[PDB]
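One chain comes next, on its own, written as structure tokens: the form solved without its partner chain.
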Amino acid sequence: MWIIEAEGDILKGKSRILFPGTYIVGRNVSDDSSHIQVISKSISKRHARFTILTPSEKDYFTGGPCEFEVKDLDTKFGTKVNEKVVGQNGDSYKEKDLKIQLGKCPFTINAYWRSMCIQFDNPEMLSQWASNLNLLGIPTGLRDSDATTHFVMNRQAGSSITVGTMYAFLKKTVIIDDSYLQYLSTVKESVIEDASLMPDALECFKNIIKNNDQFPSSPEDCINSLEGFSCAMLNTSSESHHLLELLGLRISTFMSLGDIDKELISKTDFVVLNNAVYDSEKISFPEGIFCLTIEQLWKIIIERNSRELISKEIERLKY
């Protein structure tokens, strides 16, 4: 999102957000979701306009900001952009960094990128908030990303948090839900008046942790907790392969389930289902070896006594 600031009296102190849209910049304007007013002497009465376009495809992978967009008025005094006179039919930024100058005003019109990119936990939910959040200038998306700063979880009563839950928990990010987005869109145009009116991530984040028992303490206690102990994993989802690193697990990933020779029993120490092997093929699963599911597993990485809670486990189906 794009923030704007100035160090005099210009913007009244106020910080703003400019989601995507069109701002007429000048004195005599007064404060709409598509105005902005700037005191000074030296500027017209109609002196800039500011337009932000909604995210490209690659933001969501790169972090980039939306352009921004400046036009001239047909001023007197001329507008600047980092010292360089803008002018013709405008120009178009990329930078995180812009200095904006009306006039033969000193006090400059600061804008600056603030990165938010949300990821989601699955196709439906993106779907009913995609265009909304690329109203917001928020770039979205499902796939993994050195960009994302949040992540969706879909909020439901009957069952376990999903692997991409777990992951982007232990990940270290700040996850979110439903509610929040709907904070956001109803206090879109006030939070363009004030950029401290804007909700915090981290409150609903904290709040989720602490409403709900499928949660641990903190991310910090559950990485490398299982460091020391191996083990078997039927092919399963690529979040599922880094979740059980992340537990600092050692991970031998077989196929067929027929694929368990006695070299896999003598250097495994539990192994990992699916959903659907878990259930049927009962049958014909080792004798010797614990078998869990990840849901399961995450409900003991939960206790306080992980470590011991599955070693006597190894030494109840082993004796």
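Basically, rigid core = biggest C-alpha set you can superpose within 1.5 Å across the two forms. Numbering follows the first chain given and starts at 1. First, how it differs from the form deposited with its partner chain bound.
The one residue among 153, 138, 109, 226 whose Cα position changes by 2 Å or more between the two forms, with the core held fixed by superposition, is 226. When the rigid core is held fixed, the Cα atom of residue 296 travels 2 angstroms or more between the two forms. Annotation for residue 213: C-alpha shift of 2 angstroms or more between the two forms, rigid core superposed. Fitting the two forms on the rigid core leaves the C-alpha of residue 240 displaced by at least 2 angstroms between the two forms.
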Second form
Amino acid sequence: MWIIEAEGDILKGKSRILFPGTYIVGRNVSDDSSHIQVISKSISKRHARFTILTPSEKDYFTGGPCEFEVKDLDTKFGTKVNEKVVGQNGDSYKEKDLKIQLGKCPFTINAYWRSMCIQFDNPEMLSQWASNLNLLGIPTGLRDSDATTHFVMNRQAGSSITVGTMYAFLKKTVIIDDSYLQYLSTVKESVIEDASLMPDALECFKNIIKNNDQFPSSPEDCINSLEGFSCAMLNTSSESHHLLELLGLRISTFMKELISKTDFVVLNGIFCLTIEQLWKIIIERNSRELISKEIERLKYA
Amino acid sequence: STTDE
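For the form deposited with its partner chain bound instead of the form solved without its partner chain, what are the coordinates?
Time for the whole complex; same chain goes first.
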């Protein structure tokens, strides 16, 4: 999401999260959901318009920012972004750091993008929440992305967690749920400061995994728990390969050396396992000669 | 208030 702050007291020492939509920025304007007061001699009463576009689907995958546009409102002393004069018709920016000078004000408004892309585990969940989050500047999606910061698991309806959840946990993504989304549905009209929505996501995550037999204590104890072992699967996606890598496994992807060198087959007279079955073991027992001894029992038998 | 330096 986009945030602005400034040096000096030109924004009253406060930062602000800017959602998609339009703001009028100026000396004689009151801080509400669509106006930003910036007090300095050389800033016009109504000085600039900032327009933030809503995110595209691509940004969920690239981690790119919402397009940020600046128009100068025919002012006395002009507007610059990153030292470039804003012309008539304005300019648009897709960089993640903008230094915006209004007039001759010696202090710049500093706009920066904080990464936040939300993956959903369920298509009906995505369709219900996507428009809501997009209006906050938060890209969303279903498929795997390297720009994902948060992952929404389905209601753990007294049942097993999905591979998407297991994967998110392991790559150290913050796992959230419905209750945090309900919180986000609260905030569009609000004027709130930098990092306002992030810690609640971490609190949600920490509470989710507490007393939960689908999770161990941390990603750290799961990571490399199967080192020394090796496996094989059919047309492994790079995500499932990375998932198995994170468990410390040696992987051989296929389309006498597939059989006796490889300890088991992961799926979707050889010995086969699902990732779902592998997760059950990856939690269960204690040590490296215990939590990897039940997996070593399933191989010999 | 009129804008200046």
